[PDB]
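What follows is one chain in structure tokens, specifically the form deposited without the ligand.
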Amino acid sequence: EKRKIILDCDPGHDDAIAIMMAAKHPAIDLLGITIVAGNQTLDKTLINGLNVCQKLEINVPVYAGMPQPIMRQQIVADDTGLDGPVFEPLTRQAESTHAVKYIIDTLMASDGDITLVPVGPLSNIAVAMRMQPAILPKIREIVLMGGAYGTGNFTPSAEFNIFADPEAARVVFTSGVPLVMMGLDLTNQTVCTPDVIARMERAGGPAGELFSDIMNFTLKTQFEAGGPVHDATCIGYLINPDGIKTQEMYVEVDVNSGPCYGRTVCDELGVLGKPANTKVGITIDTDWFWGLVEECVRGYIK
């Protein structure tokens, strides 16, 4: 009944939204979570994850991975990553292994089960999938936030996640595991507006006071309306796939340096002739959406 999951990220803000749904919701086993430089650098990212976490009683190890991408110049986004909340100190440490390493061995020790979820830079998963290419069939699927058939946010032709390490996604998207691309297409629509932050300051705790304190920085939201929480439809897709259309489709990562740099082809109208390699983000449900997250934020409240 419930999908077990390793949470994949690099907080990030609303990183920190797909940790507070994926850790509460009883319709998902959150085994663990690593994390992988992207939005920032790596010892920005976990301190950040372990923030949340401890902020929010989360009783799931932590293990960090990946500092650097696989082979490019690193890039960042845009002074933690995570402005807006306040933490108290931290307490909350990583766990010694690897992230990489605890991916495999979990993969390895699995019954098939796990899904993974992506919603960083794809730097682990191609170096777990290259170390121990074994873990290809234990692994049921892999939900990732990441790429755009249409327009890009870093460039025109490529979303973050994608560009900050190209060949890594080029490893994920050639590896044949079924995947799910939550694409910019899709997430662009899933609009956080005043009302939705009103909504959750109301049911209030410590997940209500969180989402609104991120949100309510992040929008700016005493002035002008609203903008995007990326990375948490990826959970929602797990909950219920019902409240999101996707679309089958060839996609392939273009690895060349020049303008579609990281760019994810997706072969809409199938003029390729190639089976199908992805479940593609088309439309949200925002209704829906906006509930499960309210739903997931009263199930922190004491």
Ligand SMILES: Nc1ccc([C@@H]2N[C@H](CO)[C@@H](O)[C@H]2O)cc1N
Contents of the next structure:
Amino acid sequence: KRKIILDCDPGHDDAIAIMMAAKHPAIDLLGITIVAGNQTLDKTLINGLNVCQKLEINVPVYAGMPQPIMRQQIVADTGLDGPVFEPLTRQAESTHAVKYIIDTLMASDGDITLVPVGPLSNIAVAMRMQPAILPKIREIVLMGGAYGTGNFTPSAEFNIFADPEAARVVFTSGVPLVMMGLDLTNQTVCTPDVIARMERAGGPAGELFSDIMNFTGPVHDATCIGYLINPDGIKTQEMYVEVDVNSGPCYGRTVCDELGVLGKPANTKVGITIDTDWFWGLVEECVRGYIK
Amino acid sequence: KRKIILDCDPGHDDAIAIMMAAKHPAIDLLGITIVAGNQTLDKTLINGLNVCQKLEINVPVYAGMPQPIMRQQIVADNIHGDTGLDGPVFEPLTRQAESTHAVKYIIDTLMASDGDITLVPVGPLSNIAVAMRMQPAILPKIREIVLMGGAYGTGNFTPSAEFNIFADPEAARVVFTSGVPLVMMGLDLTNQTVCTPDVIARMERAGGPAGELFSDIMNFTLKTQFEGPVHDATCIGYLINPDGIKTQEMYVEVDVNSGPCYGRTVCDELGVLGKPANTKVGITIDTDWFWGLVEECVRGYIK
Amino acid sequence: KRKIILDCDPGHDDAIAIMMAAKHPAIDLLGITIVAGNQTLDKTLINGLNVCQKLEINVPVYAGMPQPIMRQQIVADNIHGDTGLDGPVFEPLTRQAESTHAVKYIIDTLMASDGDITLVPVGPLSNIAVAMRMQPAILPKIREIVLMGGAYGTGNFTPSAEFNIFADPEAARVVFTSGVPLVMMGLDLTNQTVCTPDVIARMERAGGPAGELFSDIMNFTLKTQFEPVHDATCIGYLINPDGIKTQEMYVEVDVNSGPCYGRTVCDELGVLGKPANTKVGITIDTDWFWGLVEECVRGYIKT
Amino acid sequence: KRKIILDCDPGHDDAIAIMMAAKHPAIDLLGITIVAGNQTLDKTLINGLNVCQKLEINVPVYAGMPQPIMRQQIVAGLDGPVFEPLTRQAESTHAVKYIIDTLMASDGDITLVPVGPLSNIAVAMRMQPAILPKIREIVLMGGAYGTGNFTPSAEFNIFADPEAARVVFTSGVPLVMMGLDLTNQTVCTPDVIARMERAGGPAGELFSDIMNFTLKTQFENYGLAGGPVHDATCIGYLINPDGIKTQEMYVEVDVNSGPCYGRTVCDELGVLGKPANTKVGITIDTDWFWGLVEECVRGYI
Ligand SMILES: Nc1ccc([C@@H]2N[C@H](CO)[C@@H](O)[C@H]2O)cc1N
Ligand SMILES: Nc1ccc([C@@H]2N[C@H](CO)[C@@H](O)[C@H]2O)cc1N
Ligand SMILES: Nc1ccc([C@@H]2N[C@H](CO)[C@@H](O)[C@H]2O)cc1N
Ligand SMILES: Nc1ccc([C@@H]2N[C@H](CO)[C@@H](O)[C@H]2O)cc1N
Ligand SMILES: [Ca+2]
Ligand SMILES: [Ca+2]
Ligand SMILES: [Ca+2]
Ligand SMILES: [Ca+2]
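Now show me the form deposited with the ligand bound, since the one above was the form deposited without the ligand.
Every chain and every other molecule in the complex is listed next, the one we just looked at coming first.
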């Protein structure tokens, strides 16, 4: 079992990642930490809690950074339309996500993996507030970046663009990094038949996936959970990656040295291709785990 | 009494600021928070605790950020030396930091207050920026921020930048875009508060723990000048009597561009940008007034 | 016939572009202008003149900018060698550059024209930018600019930047903000045109002066490819644009110092909502392209 | 006599610098080159030509760069004087070519005096790098080690073409910088105008017509009973450098887009440990300077 903390900004695809992480026997989901991103933190928190309540996921949820570390906040109704939820009974823990991340890593034996699928604000604050966490982190498997074309701008993918300075901290940490960028995640196109596949499986997870993906196309965040379940399903390439924090046309770009021209040691395993038959099989496996 | 939290990286002149803040009846020093800057946090924390122990200052001390929010860490081992507070000899340290992180202390204290607390940052702005972004509801709770840092003219660590800002430019950008009333004691002002041999003699002659401390500290730093300004303490002077310091309201922007002006406080002295002022920038200080205050504070420790 | 001025820094692939441009009946090559790039201008000029002499191309050659407009000069001595055109041995050089500076030639030729001339820059954009800013009245006279440079994906000289743009980013900014119709043969397209062992064998079979030159030239870059023909794609494009698929995009040149200096930022998906300014090369029919190269090379065989 | 080429964008104070340069026996004014700056090149050229015609200055005038080398053009155009119908014209040679050819043919004794944006100078330097050792010195009006004018960070001439200024400041040619810190001290008051006006002649009337306008639109805008003369300080410097205190500094031009675009970053305290590249103007003896202005005016009588 890979122990993980899932840091997210739900978010339609975050919800799918939560669904997969909380159920699969290859994953030990220790906690869910929430960051502002797709929407403001008040909304992403409610969204995360709504998902956990509907799926009866009893993992603690921690609210983190409501704002990026430096830049003016950007966002991408509720932030998770489609599924209708019960009146919210479950709540966030009283501990700040940044403190939770620090304390959990400090008390561990270095076997915990961070899985950020939102802006990297919680992660960067934790890293700079307690640098002793760095050798405690086994790996960081993040959804974010693009070696090719971004989405929010031609240069930048949303998660990085939303907090470039936080991304710079993470990408200069020296912790082993895995980057599921848009180049990879844009390949995981969910089609009506994928939705129809999951509906027939049914249960709480099946309906939620259907409700979410009907409203929404790529699933992005869930690829990080796929990767931790079976890395063989995803081809990566080791690259030296630098985050551009210059104001201007490449603000929040992940500059990926695909050809090794800079002669710098690689710092990231960059997602290249995904076996989508493998991936959807896994999504269904996770969906079927919620039937009582 | 102005309630303050003094955020600092001792630091020779930080220690002078602590001495002043903890004693003057116009100041209610609620807590001392420590940041990395002059030296690494392990050292600035020991330095701050050493000063409080020697002066018998019973105010809680909180350790904060050991690193800036984004950039690769720099120190000032240029002026402050090995420990970062050379000159005085301290007894073995028995006093310790609180278990609460400085960032949490700042948030909790501001959130629980009625908005009458002033932050006094005299190191890099790392603690302040983290507190602000972690809990933006603190913003209207902050009465004012009186910071030592910046320069409208020439910097120190680079031509463009003063050390506190240069040590965490992204943190400084957060503070200078917060919308909270700012007062900036930049180098243009603080370079005027040069401590001469006779200012040192004046404090030695007054004596007691604080006179000895001032003397050991400043006699060391003046030795490095032969081979000096007090900077941080002007923020405390300003809160005691703002009439002693002439300020000018300016729109100030922090440059976070990598390059020759990284960490520059760009101060619109002539108002050419047509933007509302966000900072009262220090222009001139009455040094007779200032040294009188320093002596007043030194005598408070006479036991 | 498309009238062109070919602006180049020979350069192995520049030589192939000269060979194609000077011979094909769809092209009226008015003049060759030389810029520093692959090597310093003294060398690229000698290289250009060497090519023209060997192929008996009687078109005037003009020396232009020896330096980029702002940055510290870089060369590509890694691929192109000591001379900038290592490989072919040339007879003693008897032919020479015209006395007119390339920048003046470009301005004068455009100003005197009826607006039917196309510029074909296949080196850094230094000559073009200087001409544009020295005489802005040339802008409406330029029919189109078909340039080799840039990359919407990965660069070559850095991960972000292609050599020609990287060698003079500020010049490239001028060209990409000129409002003149632009065609960009970037690396994404040109990397599809690799010259393998079978390509060299084919050309030298066709033989004669251009055959032997292709082979001597392209064997050196294969000997440094123990570890593409780029420039000639611009001439291919002008002969038959149907052989090359382009996509209209808003392209911006990044002149920020840092990891994307000299990047052509290409808005592939139109997310910025700005009007396209460039037809960006996407794919090339390589059967069509090599057919054209042979058509051109055959044109040189002797009686 | 110091041989100079005066590169300018007239411009009220450029006109004063022309007046001084063309008359003083310590200066050999070889040619005037014009650049876009204060106004577009069509207008600055006409302004330059008007000044020369009115003062009967017969030095050849060359039109140069109408645009900066990279950035989108900005402007800041010579009110006060009334000029007769213009008959003088620019030479047919582009100023950039003139500068290159004149330097290449020389023995290295010519000084360049740029008092507009540095566009002509940068293009000439990159077009023909062999001119660099031919340039004895560059005495420029531009920059500020403290506060700029057009932005808090930047002085107009540099701001108008930062990339050109980066070229000049990295050229290795000895530089003298009359920045705003110096020139803002050169305050022309009513008594200074009186002195020139009462000396009389064409240059005294021109000074007076120009500066009266400058003073009227210094009083109406901020009054402020005087206004700086900037460009002419470069000519004062070449006549007698003793009148102006300079300090050697390593200066770097910031070309980053943002709040310090076009800033001259001047290492006043030497903290970067880099060799000085610029003699930066610190203070001027204004009694000396106004005496010299009057002397120049009198040369036209
Ligand atoms: N447009 C858009 C905006 C925001 C997102 C969110 N950001 C990452 C991919 O960029 C994913 O984690 C999405 O949840 C995704 C998309 N597609
Ligand atoms: N050189 C030097 C570097 C850093 C400092 C510290 N930073 C501010 C002034 O820049 C003050 O807060 C000093 O504590 C002081 C000095 N003297
Ligand atoms: N490495 C390298 C460096 C420079 C060049 C030259 N620059 C453009 C391609 O980027 C072409 O115009 C080549 O002449 C080519 C290569 N292959
Ligand atoms: N405001 C103003 C703007 C521009 C100028 C022009 N630029 C330099 C001073 O910055 C001088 O060369 C003036 O001609 C002068 C003034 N006075
Ligand atoms: Ca997400
Ligand atoms: Ca301090
Ligand atoms: Ca080339
Ligand atoms: Ca001028």
